[PDB]
Amino acid sequence: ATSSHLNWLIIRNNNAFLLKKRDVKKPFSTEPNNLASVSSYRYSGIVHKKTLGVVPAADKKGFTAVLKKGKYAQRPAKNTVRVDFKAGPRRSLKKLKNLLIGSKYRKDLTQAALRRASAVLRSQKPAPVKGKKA
Amino acid sequence: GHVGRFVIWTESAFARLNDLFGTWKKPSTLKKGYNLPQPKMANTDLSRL
Amino acid sequence: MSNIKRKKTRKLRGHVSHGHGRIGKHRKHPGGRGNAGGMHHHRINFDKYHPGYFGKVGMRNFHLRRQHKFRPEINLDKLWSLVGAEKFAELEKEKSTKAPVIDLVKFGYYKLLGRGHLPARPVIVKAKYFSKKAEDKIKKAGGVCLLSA
Amino acid sequence: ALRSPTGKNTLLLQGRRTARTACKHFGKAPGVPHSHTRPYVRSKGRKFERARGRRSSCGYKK
Amino acid sequence: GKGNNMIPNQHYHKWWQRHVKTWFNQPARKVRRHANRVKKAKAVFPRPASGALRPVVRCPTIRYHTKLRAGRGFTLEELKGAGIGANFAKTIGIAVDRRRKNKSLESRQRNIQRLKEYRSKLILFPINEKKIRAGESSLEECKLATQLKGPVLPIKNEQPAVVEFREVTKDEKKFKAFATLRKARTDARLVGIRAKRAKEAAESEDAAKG
Amino acid sequence: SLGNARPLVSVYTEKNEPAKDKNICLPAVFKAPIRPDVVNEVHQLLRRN
RNA sequence: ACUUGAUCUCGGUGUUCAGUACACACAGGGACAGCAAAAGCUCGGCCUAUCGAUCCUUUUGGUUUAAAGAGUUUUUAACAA
RNA sequence: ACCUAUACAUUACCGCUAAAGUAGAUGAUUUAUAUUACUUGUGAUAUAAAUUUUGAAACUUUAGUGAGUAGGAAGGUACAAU
RNA sequence: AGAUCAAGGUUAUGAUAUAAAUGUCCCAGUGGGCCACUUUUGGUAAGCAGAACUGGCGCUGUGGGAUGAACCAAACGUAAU
RNA sequence: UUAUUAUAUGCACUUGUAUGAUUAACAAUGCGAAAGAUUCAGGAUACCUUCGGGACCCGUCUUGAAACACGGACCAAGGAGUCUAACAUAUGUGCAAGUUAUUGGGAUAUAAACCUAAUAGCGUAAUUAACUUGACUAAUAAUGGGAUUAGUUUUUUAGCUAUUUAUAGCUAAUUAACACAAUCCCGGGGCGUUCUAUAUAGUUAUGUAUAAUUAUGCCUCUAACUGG
RNA sequence: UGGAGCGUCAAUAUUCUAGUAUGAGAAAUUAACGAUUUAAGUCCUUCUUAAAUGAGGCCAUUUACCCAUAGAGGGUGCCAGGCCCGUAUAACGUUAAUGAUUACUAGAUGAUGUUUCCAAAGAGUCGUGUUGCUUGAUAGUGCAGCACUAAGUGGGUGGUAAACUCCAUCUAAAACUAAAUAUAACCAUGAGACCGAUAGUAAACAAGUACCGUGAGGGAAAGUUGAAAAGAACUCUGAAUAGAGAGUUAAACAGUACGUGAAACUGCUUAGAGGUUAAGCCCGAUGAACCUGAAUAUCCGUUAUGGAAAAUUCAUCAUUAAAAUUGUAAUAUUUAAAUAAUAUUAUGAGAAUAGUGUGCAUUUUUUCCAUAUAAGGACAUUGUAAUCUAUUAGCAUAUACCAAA
Numbered sequence: 001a002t003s004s005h006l007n008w009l010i011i012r013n014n015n016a017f018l019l020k021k022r023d024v025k026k027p028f029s030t031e032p033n034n035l036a037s038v039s040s041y042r043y044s045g046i047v048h049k050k051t052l053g054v055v056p057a058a059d060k061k062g063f064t065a066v067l068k069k070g071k072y073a074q075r076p077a078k079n080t081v082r083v084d085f086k087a088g089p090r091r092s093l094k095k096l097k098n099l100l101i102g103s104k105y106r107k108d109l110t111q112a113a114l115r116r117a118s119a120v121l122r123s124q125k126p127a128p129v130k131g132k133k134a
Numbered sequence: 001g002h003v004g005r006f007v008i009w010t011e012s013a014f015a016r017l018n019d020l021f022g023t024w025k026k027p028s029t030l031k032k033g034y035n036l037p038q039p040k041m042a043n044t045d046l047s048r049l
Numbered sequence: 001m002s003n004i005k006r007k008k009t010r011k012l013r014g015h016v017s018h019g020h021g022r023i024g025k026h027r028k029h030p031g032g033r034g035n036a037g038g039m040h041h042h043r044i045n046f047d048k049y050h051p052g053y054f055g056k057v058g059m060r061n062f063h064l065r066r067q068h069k070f071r072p073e074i075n076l077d078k079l080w081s082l083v084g085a086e087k088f089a090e091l092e093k094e095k096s097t098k099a100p101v102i103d104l105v106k107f108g109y110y111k112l113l114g115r116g117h118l119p120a121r122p123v124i125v126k127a128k129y130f131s132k133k134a135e136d137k138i139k140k141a142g143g144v145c146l147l148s149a
Numbered sequence: 001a002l003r004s005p006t007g008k009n010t011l012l013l014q015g016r017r018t019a020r021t022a023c024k025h026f027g028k029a030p031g032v033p034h035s036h037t038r039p040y041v042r043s044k045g046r047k048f049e050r051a052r053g054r055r056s057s058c059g060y061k062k
Numbered sequence: 001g002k003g004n005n006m007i008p009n010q011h012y013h014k015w016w017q018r019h020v021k022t023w024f025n026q027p028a029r030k031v032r033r034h035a036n037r038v039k040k041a042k043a044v045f046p047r048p049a050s051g052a053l054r055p056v057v058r059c060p061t062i063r064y065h066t067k068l069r070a071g072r073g074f075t076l077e078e079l080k081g082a083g084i085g086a087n088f089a090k091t092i093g094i095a096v097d098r099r100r101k102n103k104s105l106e107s108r109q110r111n112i113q114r115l116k117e118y119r120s121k122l123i124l125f126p127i128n129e130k131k132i133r134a135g136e137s138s139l140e141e142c143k144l145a146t147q148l149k150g151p152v153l154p155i156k157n158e159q160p161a162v163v164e165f166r167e168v169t170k171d172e173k174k175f176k177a178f179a180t181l182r183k184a185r186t187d188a189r190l191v192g193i194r195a196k197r198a199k200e201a202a203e204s205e206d207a208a209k210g
Numbered sequence: 001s002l003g004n005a006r007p008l009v010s011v012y013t014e015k016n017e018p019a020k021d022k023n024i025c026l027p028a029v030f031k032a033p034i035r036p037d038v039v040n041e042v043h044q045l046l047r048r049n
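Residue numbers (my numbering), protein chains in the order written: chain A, 1 to 134; chain B, 1 to 49; chain C, 1 to 149; chain D, 1 to 62; chain E, 1 to 210; chain F, 1 to 49.
All the pointers check out, no bait thrown in.
If the Cβ cut is set under 10 Å, some of the chain E residues that face chain D in the computed set are:
| no. | residue |
| --- | --- |
| 1 | 4 |
| 2 | 5 |
| 3 | 6 |
| 4 | 7 |
| 5 | 9 |
Only pairs whose alpha carbons sit at most 30 Å apart, straight line, appear in this in silico DSS-like list of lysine-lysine:
| no. | chain 1 | residue 1 | chain 2 | residue 2 |
| --- | --- | --- | --- | --- |
| 6 | E | 149 | B | 32 |
| 7 | A | 26 | C | 11 |
| 8 | C | 137 | E | 176 |
| 9 | E | 67 | C | 126 |
| 10 | C | 93 | B | 25 |
| 11 | E | 116 | C | 106 |
| 12 | D | 62 | C | 56 |
| 13 | A | 50 | A | 25 |
| 14 | E | 156 | C | 128 |
| 15 | E | 67 | B | 31 |
| 16 | D | 44 | E | 14 |
| 17 | C | 78 | E | 176 |
| 18 | A | 26 | C | 7 |
| 19 | A | 78 | B | 40 |
| 20 | A | 86 | F | 20 |
| 21 | E | 39 | E | 21 |
| 22 | E | 156 | C | 87 |
| 23 | D | 24 | C | 78 |
| 24 | E | 156 | B | 31 |
| 25 | C | 7 | A | 21 |
None of these hints come from the bench; they were simulated from the model. For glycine and all other residues, C-beta sits at the position ideal for the given N, C-alpha and C.
Model the full structure from these sequences, guided by the hints.
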């Protein structure tokens, strides 16, 4: 059944993206909608429609393309694809995440979501710094 | 021993499972007496529960 | 064929005796290879735990055929899964169109015993034998038996 | 779970546990007449755990 | 052996890991047969796959007053009472076998209808092709009519369950049918002594004359 | 436990034809239990044959 | 003095100990009695010894079933002391 | 008066045994402020700000507690092929 | 002796419970032991044998009589005082 | 009378007392210096160098081995808890008075799987040596009754929070039901051995009375059934 | 599992059957097998720099260079569908194998019911006794040697012996038949939860050979230079195989133990050291020697204040373009209805992006520069100062108690 916890005990250890590395107790996965890499039961590949992804850029270094959840209008089994719609914030350094915190009204995932953004734009800032030292 | 390959059906095929495992209201057809099996937990939500 | 981390002796190496002792350890048979001597020195663990042994209860039944004692035994308490289950519902209206006919030889059941305690309906029933505690209670219940051909 | 988590007007029925026939192998020391406890048969008939110990004439009654 | 567990009854004395066949050719022993049977049934005709007639009923003892084994007998003395014609039926294919002497009149009848169940749909292919005396048909040739070659050859498939939801309903229910099973079965314990009651009765009055 | 509960799946041709008028139901086997104790196990102890 | 309880029968209980089996004692319930006027006493020596399990042989046994198609009759075969 | 023990006591720490707490986050929560109901003064509203994820096989917290061959179960790692 | 009403204090010695309560596997082992105090046979006797009631040694390191399985302190998670 | 104590401190503020295993202001010492690279602690990683205590050299039978008890020269590779057989128990997984294909064929790509029919295992219903007979008085009963009882229902009581003073929550009591599960006793019943009730009448049918296997009457010689 | 004949009952017959020539069929087809095809890049650039299959790519047709009824493999200077045979459907070809007809040869009329006449049947064997192996077989299973010696409505057989009454079912000692069953052989054939040269058959190879015992027979050891033999010319030295140079190769740190080269031994040089517990270690330091870990936006602030730059969904910004989300309303799939649930349909609010616009850089927005209170450190190792639970040492302010006076 298309049920959220049914997305979880079957993908508790049998995941094919979740590589644990003999040491850190059971963490790591590289799912495209992971965003904080353990498994909450929500930080993961599709939980049925509380999905979140923050993927940079794809066009370096301006944009921060972000999907959202493809909800009730869509089943969301495949769709005439409707699960993602990819809003992209741009044109700010330390303003636009407030637009991003305003973007959302299912408010549990939030603190981790921009926590990628406060370093991933830092991951794609550093060209007018780090430079010459002559 | 893992679930889920990406599976593609056809229309004459897809209208045989109702024969091959009947419905919640009936037994099936192409096997004698193979009823559609049971769940042990019939709502399986937790967040909306 | 085992999942052998579970199997007891893939953590036993290494203990330096492996599981069977360090004084009078695992010598290929101490016991007497088998059942010796049930009368002789294995006395105590053969009475108790196995009385009635060794001997002769007596009737030398020369070449039993297991057909003459076939008699598959059905009980009067079932009797109505024998008939259709919903067919009992129309017998409790009341309509006295019945006693019904219950063959047993066509079923695969032979002698009607009498655990039973049947309903109040009359039944015409056909068996290959009788049982006295049943047949009197059937006869109070308006139905009677008749021996099958 | 949607209806009565309190359990008001709720019945709780648990079946029998001497029910299974494989659970009468306990606990034998036959001298008592509180012995009563189903030895491990090979199979029924005659010359099966029925001469020496059980009945009268072959040594002793249990 | 240490405890209340199981008289060990196992027969591996004869150093019985000597001569054991391993059953590792189960399935190729299915795709020889199923390959040779369709070579043993491509050979004959649109004639079916077994296919003689197999008539016999009623398995022996009190284990079975019900079933009926599939037909190895065919009762020569039935045949003259059913329009045959033995060796003509043999090259028809009857499994005619000359050794069974079937004892019952309705069992005589049981194959008699089963004979006449066949022999009519049997299509009579001509020998001289003037087809004046065959004599059922030749226009029902199998290309025109049947050419079926279907396997199963039914043996009436053992019908009744049922249950017979039948009124009778009795009037003489004051008749204890159980006591028949107790009087007459005790009567079998007396048939020696009753004929010996018959010899002390029918011969006692002859001692009176002297 | 609803009999259909998701009863809209469309059928497409090779150009993926994103709507066609015949809309058959869902045959009530996608409500059946998805259970990884009997697919963990009865897979590999029947793989072995 | 007078009599056979050194009896038939059913199961429990005592000390041997694993709370086994044999054995021996002990209290009953039922019977049949035996002495004594009765109440009673008696299920062997005043109590602690004076003794044995299958297999069979063998009696005593109901007047007993089995011999597998059906008798009759003899034989063995079985249960119980 | 002193003397030394892996013993005794107290602070940390390890594992183990026991006890106990935590899941309506399309919320909860303060911090301010606009207002207000105004019930003096306590509350609801609105704005602004910030904190808020885990194999519930998780997590927090609490006490006690730890020798060991003969031997039994507990999770942990090597070397394999499928 | 049993069932069923009537009356009834605070439940009836101390001190605790590191938790109490039971049915299987008859579960792997083990069925050779040693010593001191008292109590003590056998022997003249012994670091010998033979025991009843404990504690200990085998299973046990340990601080102390230099030493020593038992003697007397104490029964052993890693650490500072 | 004489002593005494706490109660009669709101309003904001304060680096400020105490409280969440109640340790922390200050001062010194130093630039993560383009690359480069000094400073402070630590660090037997596995040596060597320098001293203080410790300390028998490893398996193993045995009460006891450092043994003046046996085996060990050194090293790399190889080596000893496996196979099936049926059972028992614990346990996982389906199913359920049912369960099982796995001997088989056919569907069809290959040692796979799929589909499948009668059986036939095992349970259902027991036995006594066997022939017999066959499991609670009833259209019902559950170790049939009893006490030990969780839980639910319920009697009313106060009671608390919400309180609309309803509606409920939680108390403890109390009333009743069912008494789950689980031990412990009492039953009754299938079966067998023991007497017994039978002094037996009865009973049903052969018989018997008649009509003609066939009809009805009854005595009941005959069977059979009934007594604890 | 039984007769023949007669009459009788019926059908009936230029006939059919089988054999071997025969050519079905203008050789038509089923195959058996070899056979025979290659289907399509060896494409343009890196690495190789010893070699490319790996590396980069290659219009569209929803991003294929190309093929696929061929993507299983093995040869190829490394991992390959298209480099090569192959493998894929299949064609080519030879042999049978399906005989329509023709001929010759061989035979045949029934079954059918009826009763007339004859229904003949296995001879040292059955079987009993009895001995001796042997059996599930027991007063007997069969198989045997010995003695016996059969009957004709009889002989066995019916799992307890013995007669005695019957019953049922079969007819002893004569003889043959393709099948479904067995296969460590021999012959051609594929297959995987097998071994990787102390494994696997005794042997991967000149293993039943070298070899010992006279004999019967016992039987080991030993596989793996690189892509190519390109196997090290010639010079020097010795009497030489050699050994230094010179080479050859990507490698000689791959040169007939010719890949990988350990472990025990140790030959060597540097480093230390020493008449000790005999060597060893273990505990904590120990110079020597290399090493490890070292850092960031305030006291009495994630403060005040001044400089620039870029810009603008943000202003007190307007519109417009959206798609959604949430929350209503409706419809369609429902187990009689609701509900739940998806699917489309619309409203609703606010947010939400893309685009334009007072001033749109006026007191905005976003990045850098500034002083001011302890102040550019904010960190590590350290000395204090006090606090806290344990804890020692060192003085004591006043009591109170008996007696002792």
